[PDB]
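Shown below, as structure tokens, is a lone chain in the form deposited without guanosine-5'-diphosphate (GDP); questions about how it binds or moves come after it.
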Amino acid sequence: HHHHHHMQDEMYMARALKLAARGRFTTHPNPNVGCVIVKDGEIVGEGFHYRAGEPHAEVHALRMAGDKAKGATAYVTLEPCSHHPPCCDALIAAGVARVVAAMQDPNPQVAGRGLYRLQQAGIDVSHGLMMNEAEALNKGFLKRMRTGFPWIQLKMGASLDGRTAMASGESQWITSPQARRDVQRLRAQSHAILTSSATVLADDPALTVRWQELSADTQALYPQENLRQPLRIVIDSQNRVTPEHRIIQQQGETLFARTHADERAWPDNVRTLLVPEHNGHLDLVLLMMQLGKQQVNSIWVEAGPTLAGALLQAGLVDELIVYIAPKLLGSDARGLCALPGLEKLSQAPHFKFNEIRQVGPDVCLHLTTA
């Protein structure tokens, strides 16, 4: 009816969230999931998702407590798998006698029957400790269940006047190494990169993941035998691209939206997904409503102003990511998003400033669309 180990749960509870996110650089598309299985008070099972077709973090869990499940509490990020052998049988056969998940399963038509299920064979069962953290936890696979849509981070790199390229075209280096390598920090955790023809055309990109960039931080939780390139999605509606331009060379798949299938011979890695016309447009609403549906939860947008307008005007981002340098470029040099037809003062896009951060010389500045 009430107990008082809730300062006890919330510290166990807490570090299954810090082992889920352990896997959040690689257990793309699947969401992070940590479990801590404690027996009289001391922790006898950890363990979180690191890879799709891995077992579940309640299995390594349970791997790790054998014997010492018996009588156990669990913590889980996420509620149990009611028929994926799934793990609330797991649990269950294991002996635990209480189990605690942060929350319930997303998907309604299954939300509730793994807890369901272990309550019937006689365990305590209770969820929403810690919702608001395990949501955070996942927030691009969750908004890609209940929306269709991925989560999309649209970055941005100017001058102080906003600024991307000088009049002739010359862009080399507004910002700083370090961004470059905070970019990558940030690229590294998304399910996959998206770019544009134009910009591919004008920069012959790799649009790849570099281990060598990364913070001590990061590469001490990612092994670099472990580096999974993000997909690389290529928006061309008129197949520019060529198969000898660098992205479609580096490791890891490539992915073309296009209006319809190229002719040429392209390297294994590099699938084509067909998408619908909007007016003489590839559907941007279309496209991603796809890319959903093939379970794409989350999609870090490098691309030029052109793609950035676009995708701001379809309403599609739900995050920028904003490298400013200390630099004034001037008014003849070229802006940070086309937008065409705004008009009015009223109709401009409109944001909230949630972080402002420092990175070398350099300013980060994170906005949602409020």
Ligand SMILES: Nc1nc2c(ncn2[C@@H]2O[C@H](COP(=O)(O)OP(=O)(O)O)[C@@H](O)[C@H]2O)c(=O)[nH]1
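Positions refer to the first chain, counted from 1. Take the two forms, find the largest set of C-alpha atoms that superpose within 1.5 Å, and that set is the rigid core. What changes on going to the form solved in complex with guanosine-5'-diphosphate (GDP):
- Among the candidates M64, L328, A52, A314, displacement between the two forms reaches 2 angstroms at the C-alpha for one position only, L328 (superposition on the rigid core).
- Comparing the forms between the two forms, the C-alpha position of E170 differs by 2 angstroms or more, with the core used for superposition.
- Relative to the superposed core, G360 undergoes a Cα shift of 2 Å or more between the two forms.
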The other form holds:
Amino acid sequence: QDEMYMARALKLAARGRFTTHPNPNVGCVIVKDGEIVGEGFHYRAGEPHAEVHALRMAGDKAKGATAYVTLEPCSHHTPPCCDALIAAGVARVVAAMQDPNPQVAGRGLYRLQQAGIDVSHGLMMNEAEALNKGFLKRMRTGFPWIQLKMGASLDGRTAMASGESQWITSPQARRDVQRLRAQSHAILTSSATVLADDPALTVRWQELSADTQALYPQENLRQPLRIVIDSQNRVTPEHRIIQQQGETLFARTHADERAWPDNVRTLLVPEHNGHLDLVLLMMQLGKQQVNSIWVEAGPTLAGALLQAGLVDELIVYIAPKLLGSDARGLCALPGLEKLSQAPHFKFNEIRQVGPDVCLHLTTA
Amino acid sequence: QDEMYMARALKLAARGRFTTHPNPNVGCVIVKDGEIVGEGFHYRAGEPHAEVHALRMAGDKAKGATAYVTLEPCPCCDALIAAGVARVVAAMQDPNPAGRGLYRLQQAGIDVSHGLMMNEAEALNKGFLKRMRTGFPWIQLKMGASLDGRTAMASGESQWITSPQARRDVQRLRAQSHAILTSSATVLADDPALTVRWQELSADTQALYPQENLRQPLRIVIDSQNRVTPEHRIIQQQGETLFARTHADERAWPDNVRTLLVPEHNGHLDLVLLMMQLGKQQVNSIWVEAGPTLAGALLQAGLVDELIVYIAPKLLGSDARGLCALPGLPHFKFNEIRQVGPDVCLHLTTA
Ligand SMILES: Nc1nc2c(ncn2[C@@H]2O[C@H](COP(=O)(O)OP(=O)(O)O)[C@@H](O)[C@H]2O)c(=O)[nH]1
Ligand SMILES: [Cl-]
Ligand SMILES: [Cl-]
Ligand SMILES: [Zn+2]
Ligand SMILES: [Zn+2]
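Form deposited without guanosine-5'-diphosphate (GDP) already given; the form solved in complex with guanosine-5'-diphosphate (GDP) follows:
Time for the whole complex; same chain goes first.
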């Protein structure tokens, strides 16, 4: 019945997923007497909301029209979306889900019911929830959504005994990582990897599939915040990661006394044993409005995040190669000497990416 | 049009994939005036062929009918002519030295054709076609590991990384393999039985396999230094056991135990020659359950045709035992990936 318009609405909402952070993905569909007369989605932060975009396009035809929104309309003064709907005289509003704030939820929808509008909530809620896993987790929990990525060979190895980790996964796999990088609020790495590989960890618009490039105009490329974990300030100001377009954040235990570019700032995290308290680092990040973190780490940091229980999702790319028994493993799990204490997961989705396969796992 | 019948005979042909060895899988459908009056598939080696099974079904109605066979008829060719049939359709030619069977019909007034769903027919006897073409069996390497390619821990536990669902899947893949190969190293560590357990076959597969009809795959143990003893489980089981020895053991073994003498090469057993001799013994397909040392050795020899990988959603750590030991340093391609319980199974062919 209504499912076509909402589905269209969430498809519209996904158009903003590369540039919407720290705001979520929202799409608006306005139908009057069975004909769409308004469409919009949120694109950047501080820019016009989705419902406003669609009301501005619908104009006079919004009177007595139904509005499909992927979330509860903004209910607080930019002037709030919930009142703009009233100003335009929409007679019916369908929202896929409510606000994630524990108290603010339902406020907007009530205000329309108080002003005589038809309101309902929950239609395609699960699809709406999946569009904003990071934001919703940060709005409910203090913590962001964490994506641990791993790219290995069939036998679980990430680099040969020579250290040649240079491109064991497929070029299609690298394009797939670029897409998932591009919609990530932030990218996280350890100093162990920075010293070993001296990486860029920047979203390279060139190596993006053209389907995405048709939705991501290059001039609006948002470079995700780069977070480097350096509890002992081993990274130097001459490493590639810091002299890159976009901003770099260093999780340090004490301030480094050298001079750094303006696009580099330092976050001080308290210490646990000999290093940062990783959970606390995730906490402060949540307090700074970071929705989702894409983790590009070697075996050490991957083992840490798992052993701390900070991983919400495992993304594993497997290449159809056998890389030998003496090649570097996937993650370092100290004290794991019996397999009953091994970490346990659940396969959500398995998909083909060129000659590779990509495995999506959840903790439980 | 006639593809609908070839597909029927292919489905029939698969019905004996469990008991057919060393013979291939073949199905036959005879249609006359739009009705399949004859059906059959080969079931057991030494039992009647499929074309005969189908001709016995069609009887007098076989006259002036059309035969769809998944492989060129063998002889099965004469009973075809003796039954008065025109227009034989064959999925593929025989990989034996070949088209003689088609000639016996081409020049005897019968119409012929070749190639209909040829790829699907070739997929149903991967071992038999390879052996008839190269003299070598089709080699399936099974691997079951955690998410980080780990089998067992540094202690050597390995105790149920894979699901019970994945074990039952293995038994299904074991039960259609001609033979099952392992190394002495695995025999000494686990004292395994390496038997197809009808009790461990999922009810989907048990529908096909009747319990009283169970054909145990030939068991092959590579024991190049004769370290397995006749007290081990594997020799005290139903069916034959073949030992790939380098020099003949002098002990007394059960009647079902026999040895195969393989030339050495640079002090170790020559795996390539072993396969070559095993083809002479008519072994179509080999299911390989092996630890890191044997598995890498087959791969490095280039003898692995197919990888079967079960992955469990666990991590064992980077110091736990790996999958294949590759001294000196293999490329594949994913054919089928599928879910088996909480694990996934990946099917890879040499690429
Ligand atoms: N300073 C720093 N910290 C790291 C690096 N790699 C990982 N980490 C973090 O610091 C710890 C590294 O592991 P380790 O010092 O042996 O402690 P463990 O993880 O508790 O065994 C983990 O908690 C990681 O989260 C690195 O290169 N530099
Ligand atoms: Cl990079
Ligand atoms: Cl067993
Ligand atoms: Zn709003
Ligand atoms: Zn025959």
